[PDB]
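Peer 1: The task is simple: from the sequences and hints, build the whole structure.
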Amino acid sequence: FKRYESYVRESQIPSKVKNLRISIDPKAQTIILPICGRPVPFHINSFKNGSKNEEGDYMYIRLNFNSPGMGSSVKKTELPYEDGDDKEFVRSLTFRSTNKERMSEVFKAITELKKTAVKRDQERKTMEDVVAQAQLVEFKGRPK
Amino acid sequence: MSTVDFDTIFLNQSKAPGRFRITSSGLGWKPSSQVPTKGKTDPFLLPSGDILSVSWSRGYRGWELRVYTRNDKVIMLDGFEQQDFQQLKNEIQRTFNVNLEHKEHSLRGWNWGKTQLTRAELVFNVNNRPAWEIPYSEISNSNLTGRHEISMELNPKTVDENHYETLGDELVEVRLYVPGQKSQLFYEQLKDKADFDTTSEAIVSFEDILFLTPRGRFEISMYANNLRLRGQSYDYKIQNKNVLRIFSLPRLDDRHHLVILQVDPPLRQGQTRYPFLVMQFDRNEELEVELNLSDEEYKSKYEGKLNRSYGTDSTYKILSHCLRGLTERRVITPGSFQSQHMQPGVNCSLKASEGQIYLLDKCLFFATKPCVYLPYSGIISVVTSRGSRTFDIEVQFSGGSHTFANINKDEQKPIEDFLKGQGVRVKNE
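So the sequences go chain by chain: A and B.
Heads up: the first sequence runs through residues 35 to 178, numbered per my numbering.
Heads up: the second sequence runs through residues 1235 to 1663, numbered per my numbering.
Calculated from the structure, these hints are not laboratory results.
Any given hint might turn out to be false.
Said to hold, decoys possible - DSS-like, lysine-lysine: derived pairs with alpha carbons at most 30 Å apart:
# : chain 1 : residue 1 : chain 2 : residue 2
1 : B       : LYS1471   : A       : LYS86
2 : A       : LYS52     : A       : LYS148
3 : A       : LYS86     : B       : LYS1337
Peer 2: If you want it as structure tokens, here you go:
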């Protein structure tokens, strides 16, 4: 299991998160969701994908998270969650908002944060080779 | 008597700040008079006898005081500072003899854990710490959407004569995945604790009904105020007020009969929406049904609207009459239109979907996914185009156009004469 964590202490939660709305922390790679008056963090590695729907005066966002059965393209060697038959999972959360423009921007920023996380993880996997070696040592004399 | 008061406190996620007060009689909260809140200005009052326990934890607006009542309700008060904790602890202990518990929440960002049905709230624990809790009073409905999948719908507060305006993004639906052979027991326990429907006291039930849309077999249980659809992988509760129209239409195969419900708001299966529910009956299917009603309730409320017993008549007729009696909506039957073949409708394709168009006295109705309802009052003009043994009908309305293709040319004159008779502008170009 690739151990990830959003926050260690409540003081790390951004003070901007106070208007009871969906907020994104790019530093902690975390989505903060308003569940019943509490700022609930979800790390970008627990997030799988989402959808956005416009309905009358409201905009809906559905966020889907990683759960076994509805799995991602990752191999059996590295799971985005810890192995557990007795573990229950948050599969999806659906939110609504009257403000359509901001809710569209929040969805774009979640999607961008996921793309940046996946790109960094690919770059890490491509570097986990022997690529890390001593820099080329110049010949002190006249080189061929 | 030292009344302790806190300014800038919010009740149950209220948009307006209020003044919170602790008294020997109980807890009081009043909105601050500076915001024109279309809304009763009446102080919220909680008696001291109703307080069971009190927890202190991190909220959105600072610290949250969560009060558990003896009536299985949770009251949320947010907006406190960290310094207020010592004063609140001493005053709650002194006044109510209740310990103020400090509850630390999981900040790890994991979506896995263990659910725990507590007396008044559903708790999701991540590494033996609460990540979030949902009060049972906020849960509107719950439905098993898979062998291991539980969907909870939340009451999305809009406008109620008794609730303060909420500020922010609102949670509407939570889906849990419960592995192991376990989700059905969890669903049963959630139903018992959230105090939803009392057993199944249905005025009438219809088993094994085939739906074309949404695709599945459903049991239909009817109640005084609501209709329930029970399915193997989804349960729906439709209020009788949300049923706009009932159609009862024979299929052109002369072997089946369609019953179609228009519902607003449209039913939702994940992302897809069903504004029309299409049921398919065999015409030879007969059912005998006695209504589960007392003779006093039948006489007072349902006399002349419903029959006490239905004899062995066709299932779709009994169902259409029950729906008429409980929803007070008129059943729309086929109109005076008769095709060249003496049929009540015509075969046509809407885009890639093959289906049947019914010319009813007030509207054109297409009965195959997607279902299309077009009232004649909304139609600007109908254009008949040549694709040919077949012709196409373009219906223009204020919101766009619909092209029905592959209609037999022999049906052109009957359709034109009927549409002209209904006062619709037909253009033959």
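Peer 1: Quick one, are B/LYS1471 and A/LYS86 close enough, alpha carbons at most 30 Å?
Peer 2: 24 Å, holds
Peer 1: Could you grab the alpha-carbon distance between A/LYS86 and B/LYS1337 and see if it respects the 30 Å cut-off?
Peer 2: Violated, at about 34 Å.
Peer 1: Just to be careful, I want the Cα atoms of A/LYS52 and A/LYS148 compared with a cutoff of 30 Å; is the pair within it?
Peer 2: 24 Å, holds
Figure legend: structure checked against the earlier numbered hints; the only hint not met is number 3.
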